[PDB]
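My request is simple: use the sequences and hints to build the entire structure.
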Amino acid sequence: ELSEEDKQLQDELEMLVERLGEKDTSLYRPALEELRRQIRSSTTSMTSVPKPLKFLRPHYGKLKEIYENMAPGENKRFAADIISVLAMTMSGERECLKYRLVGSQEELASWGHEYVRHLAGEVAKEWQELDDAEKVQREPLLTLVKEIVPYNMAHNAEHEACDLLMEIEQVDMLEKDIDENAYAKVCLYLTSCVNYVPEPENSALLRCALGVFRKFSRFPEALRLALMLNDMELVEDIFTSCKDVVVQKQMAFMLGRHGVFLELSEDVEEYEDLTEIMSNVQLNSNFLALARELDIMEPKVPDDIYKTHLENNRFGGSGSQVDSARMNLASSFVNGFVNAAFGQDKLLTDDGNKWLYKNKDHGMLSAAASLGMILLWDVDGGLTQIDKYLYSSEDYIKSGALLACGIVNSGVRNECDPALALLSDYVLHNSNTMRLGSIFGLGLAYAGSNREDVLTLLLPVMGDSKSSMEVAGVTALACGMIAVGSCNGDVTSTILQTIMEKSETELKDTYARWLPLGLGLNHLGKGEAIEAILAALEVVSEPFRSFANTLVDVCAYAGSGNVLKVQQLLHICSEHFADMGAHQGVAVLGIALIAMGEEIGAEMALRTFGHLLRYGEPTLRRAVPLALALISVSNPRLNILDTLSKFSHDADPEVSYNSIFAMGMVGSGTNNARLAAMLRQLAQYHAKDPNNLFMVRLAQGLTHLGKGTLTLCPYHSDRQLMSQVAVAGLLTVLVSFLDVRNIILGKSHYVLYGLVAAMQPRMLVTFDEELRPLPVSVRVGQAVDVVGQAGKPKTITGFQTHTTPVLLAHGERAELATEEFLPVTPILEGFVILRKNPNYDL
Amino acid sequence: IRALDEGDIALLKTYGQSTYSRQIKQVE
Amino acid sequence: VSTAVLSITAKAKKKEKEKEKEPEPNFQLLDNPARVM
Amino acid sequence: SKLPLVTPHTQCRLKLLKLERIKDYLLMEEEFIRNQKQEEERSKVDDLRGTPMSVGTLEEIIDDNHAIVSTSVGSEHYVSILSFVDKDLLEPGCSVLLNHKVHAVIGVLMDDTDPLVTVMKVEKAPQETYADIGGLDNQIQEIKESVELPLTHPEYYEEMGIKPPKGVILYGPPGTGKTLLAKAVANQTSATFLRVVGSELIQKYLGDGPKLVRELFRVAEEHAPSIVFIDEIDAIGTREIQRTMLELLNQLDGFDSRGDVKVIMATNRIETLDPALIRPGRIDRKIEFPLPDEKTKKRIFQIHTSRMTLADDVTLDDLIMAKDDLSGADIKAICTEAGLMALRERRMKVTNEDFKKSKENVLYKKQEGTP
Amino acid sequence: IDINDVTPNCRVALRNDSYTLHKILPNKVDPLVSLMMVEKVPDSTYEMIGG
Ligand SMILES: Nc1ncnc2c1ncn2[C@@H]1O[C@H](COP(=O)(O)OP(=O)(O)O)[C@@H](O)[C@H]1O
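Chains as they are written, first to last, in the authors' numbering: chain f, 44 to 620, 644 to 908; chain A, 22 to 49; chain U, 828 to 847, 869 to 885; chain B, 47 to 82, 91 to 292, 303 to 435; chain C, 103 to 153.
Note that these hints are calculated values from the structure, not bench results.
Wrong hints could be hidden among the right ones.
If you want a taste of the chain B side facing chain f, the calculated C-beta under 10 angstroms gives, among others [as the list claims (entries may be wrong)]:
hint	residue
1	72
2	186
3	199
4	371
5	409
What follows is a set of in silico ranges between Cβ atoms, one per label pair, in the way DEER data are often shown [as the list claims (entries may be wrong)]:
hint	chain 1	residue 1	chain 2	residue 2	range
6	f	901	B	80	58 to 64 angstroms
7	f	901	B	417	40 to 46 angstroms
8	U	877	f	620	50 to 56 angstroms
9	C	128	f	45	47 to 53 angstroms
10	C	144	B	432	31 to 37 angstroms
11	f	88	C	128	55 to 61 angstroms
12	f	66	U	843	51 to 57 angstroms
13	B	79	f	314	58 to 64 angstroms
14	B	149	C	128	25 to 31 angstroms
15	C	128	B	79	28 to 34 angstroms
16	U	843	f	906	54 to 60 angstroms
17	f	210	B	272	57 to 63 angstroms
18	B	357	f	314	49 to 55 angstroms
Note that CB positions come from ideal geometry on N, CA and C, so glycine has one too.
See the structure below:
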């Protein structure tokens, strides 16, 4: 039974359909008028159970013929409207939209907000159900969208219309009807959504949000998103369109951090400041400030990092009195990594020549170059210090010094281009070591420059068959990192012809594996652009064929999250059958490169790699730890470190070596205490193996890199923006490590220095508009959305109050503690500028 | 107030959904 | 073995559409030293 | 292992996209696993341990490869130890696999005894985070400095030469979020979490109290980086019960070196705490949990009503206003009951009046007494 | 060999000699430890409650 009022409404709804059983017009205007008013009252009300709709399970089902054949006047409109409003409850999704289309067009707000939302969803569905072969039935759907979207923007339904409009793919028309306050929600929503929607819709969504940002005059964020679109011409356009000098300086800081530099003309006001900031050369002057503002200025000793003074030195007394090569190389690498960028050392400054005299062979090419990391971005600092070795009697240390000269200039650009000048006359040096050091240093000094003078100085070395093969490999690597992702034909065609000519005995040699990377680096993040290139690559022979093609395809989709390409890479990883399988090994880092763009992608790749390790043959097994390292570079997640620990003791020596590297790589510069503990335990555990000792100590140097202020994260700007030069900087080392016995533990330790291409510190430094340092109290902590659902994600949770400057580990965010200042850019990462708030009043 | 009749919960959990409900619970 | 991954691959494929005895001798002749069943 | 956390909660296609991303990845897992030696080592060892192998207990180790083992029948056997058994993994009380015929030790079995503390090891912290708590910033920094920073970055204290603080008491009116904050810090640093509720350590058996606390610290130090939570410490805090206090105080301050395990103790009646248990040497960090103020109350309302569908007319300020009359738990009660009240009148979209009558009814049920 | 069927506590039979796990057998419920106080699914139905 039903209550008295409920019974009255039920009886009304009943004899409102009992009467309709015939032709009389006294039903279609009057009775449908009563139905319309009652249904309007029900639906307009917030009551989530419209009472007529509860009763109307015995629906209009008898009234189909008269509904169809009646005159299309107000009677048909009324019937269609009533059946449409009711139809959201029955399974009439295909037909509710048609009922609304054939009924009175009306305004959707008249019925109810939930009705508007359901009709919007139905429009979104019918857009995809409609074929792409015609464009006439889409106009009726647009005649609903044109009013649904403004209604949603009026009613705090930003994400609804965003999704509606990406479903019909026509994002173009969100860039007109936005309010000055509602823009934040929508831009942030598509900014979050872009990482998941596939190509090319993600790029169109990006440029749509960029248009919205330009229309709301948010120039720094517009340039940030343009850098997402990695098209320097678009960045140049927005930079020219800017109207604030200080905003231009802030975005020049962002460009210098991203590693992008573009020429400036005389019309660019305050030319010197913008040019030098975008050239990043000021960084050292800032960096040595931060270091001395927290007084870490004392350079640490590799022995002290090992802290042999406290462990029980069970190798000592008689059996320690030798300056053996391997641990000396490890100590030199540790001194370089830990004391990197601090511009000073106590070991290899006072005993510079003396320490070198007690190393041997490839250590000289390494140890000397180590100094270059300590003297980072003080070009006139290192460049005054390498001279004593630029004319050294020793030749191998000369090779190391000639690379240190270039590595000092890494990350900064000088109008003079000093490294270009110094290393130009030695890129054809007769001795292989001199040429190798010169070319590696020059490539590091100009990674991401794309300038064609250096590229045309580099390219002839490809055809220079007289140069040893590793020289060709380093040349391809340098050409790749100098021109990252640009897909420039001048480089690309030349390197394609270079890789096209090698024979069987050359395709299988240790260093040829880098040449495809030199191609792939030129195609970073460009995707289907490799498809035209891939047609040529199939001409070369298997297994080197699949090796090169998979590597370049991976480079084409690095950070894209393209799950279809990841599926193809998994198929490559799934061919169960060892040199011919080396192409599978690269494929492992593939799932890293694609999935390292999203948190969910990374954390799911973590679970994939566990099973892949459980089932993998040794070629995949050794490759996995490198990809694990790249997932969380300078982000020591415990669920990664524990796996690396459990696989650091594997009987397979190469699996152990790669896990040991991944230790320092995931915790690079983080100075984590627990990881340092397991590294010390491994050092006292693997003391019987010089290889494992060297690897463990190298990892110890990696985690203590820059004493805690330095990291190798290729992403920046709230971990949404990636730096292609940094991506290459890791990628070369990680792909090289696939044969660690020959490449790194063998002849080519210097290859590790490639990570200096990714060298970027993590901190906040606040300046006033004069750009002098301005210590400001800020609120620092993790990032979550909490009460932000498809809206504002600003939440520095579990925060502390810290006066700037402060270091910012992976996942850390900072916010202005007091609103007394206004930041130039509301993304507080790296060097930021502040202004006094005039709207704020006392 | 009368208790929630089965039709009432039905309409409560049907009318109030977004146009996404079915997809995302099925996906879960 | 293949799997759907129909979350994005279905639209990916429908976008890729753009890029896309009677006369036999039952008279078997034998020889002098011939097998006959 | 667990799934990622999808962090839109409103029904939006962003939530969808994250979901089908996850489906893609798990489907690649399925693909990979479906698309599918050491017989010398097995033939030596796993044939020396000829099936079946019995399970017993190790009592003592006498020689390098000779040990005493008891079994479930209670007999005692001096047996040999095969070389592959990890000696450092063997100690009195350890469960050991034994050859059926000759009872020789053929390996250590990972422990499956001490059931109760094994249950209270919980480790099921991930339901909350520092995100779920709003406005308790002073408390957050205090506990971070005391327990979270020494676990995440003991480097600062070791470099400073500082032995980190080794005890924290949380206090305040109930429902202020002490338990929530303890669970949240357990979530932030993934160190093993141990919870034991107050009176539950009080036991009828004379030994069971001190014995229970001893075994709980034993398991905590066994897990090494660990946090132990004693809520309503007042039940014990305010001879036998005093002896359990003495056991806990000595486990905190006394002999041996405790190491890494941290201790959080939550009380509602801190002023009734005995002077001994509040040790200045151990308990140097006392964190008060005051009744939430206007800003904190607003934060809690947003946090709890965030997951609820809301109407436009809701004016949160009139709910926030008046005085600090109530805590966060009461706020959750108002949110829940407002949800039910909207449900009765058939709203799946709660309105302002719902919260108004909800707070009124809660304040009615809040306290009592004749005028 | 269908080990994945072997959940904990399935009351699974061995062989009298060499053990050599034999077959699953039915489960062990008889929850008399709980049935001393548990009422299982009770009998009371809203019909014999009046008023
Ligand atoms: N600051 C807060 N933020 C979020 N929730 C809170 C807060 N304070 C209290 N609560 C709510 O109160 C409950 C926790 O009460 P709590 O004070 O931890 O209990 P106890 O007094 O036993 O420690 C949780 O359900 C939580 O939702």
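Now for the hints, and whether the structure bears them out:
With a cut of 10 angstroms, the hint placing residue 72/B at the interface with chain f holds, because the nearest CB-to-CB distance is about 7 angstroms. At a threshold of 10 angstroms, the smallest CB-CB gap from residue 186/B to chain f is about 8 angstroms, leaving the interface hint in force. Nearest Cβ of chain f to the Cβ of residue 199/B: about 9 angstroms, under the 10 angstroms cut. The hint holds. Residue-level restraint check for residue 371/B holds (minimum Cβ-Cβ distance to chain f is 8 angstroms; threshold 10 angstroms).
Hint status for residue 409/B relative to chain f: holds, with the closest Cβ pair at about 8 angstroms, below 10 angstroms. Range check, residue 901/f to residue 80/B: Cβ separation about 59 angstroms, and the 58 to 64 angstroms hint holds. Separated by about 44 angstroms at the C-beta atoms, residue 901/f and residue 417/B satisfy the suggested range of 40 to 46 angstroms. The supplied range of 50 to 56 angstroms is met by residue 877/U and residue 620/f, whose beta-carbon atoms lie about 52 angstroms from each other.
One distance hint, 47 to 53 angstroms for the beta-carbon pair residue 128/C and residue 45/f, holds here, with the actual separation near 50 angstroms. Checked against the hint of 31 to 37 angstroms, the pair residue 144/C and residue 432/B passes, with Cβ atoms roughly 35 angstroms apart. A hinted range of 55 to 61 angstroms holds for the C-beta pair residue 88/f and residue 128/C, which are about 57 angstroms apart. A C-beta distance of roughly 54 angstroms is found between residue 66/f and residue 843/U, which places it inside the suggested range of 51 to 57 angstroms.
Range check, residue 79/B to residue 314/f: Cβ separation about 60 angstroms, and the 58 to 64 angstroms hint holds. Distance hint for residue 149/B and residue 128/C: a CB-CB separation of about 29 angstroms, consistent with the stated range 25 to 31 angstroms. Range check, residue 128/C to residue 79/B: about 32 angstroms between beta-carbon atoms, so the 28 to 34 angstroms window is met. The supplied range of 54 to 60 angstroms is met by residue 843/U and residue 906/f, whose beta-carbon atoms lie about 56 angstroms from each other.
Between residue 210/f and residue 272/B the C-beta distance comes to about 59 angstroms, which sits within the given range of 57 to 63 angstroms. About 52 angstroms separates the C-beta atoms of residue 357/B and residue 314/f, a value consistent with the hinted range of 49 to 55 angstroms.
Taken one by one, the earlier hints all hold for this structure without exception.
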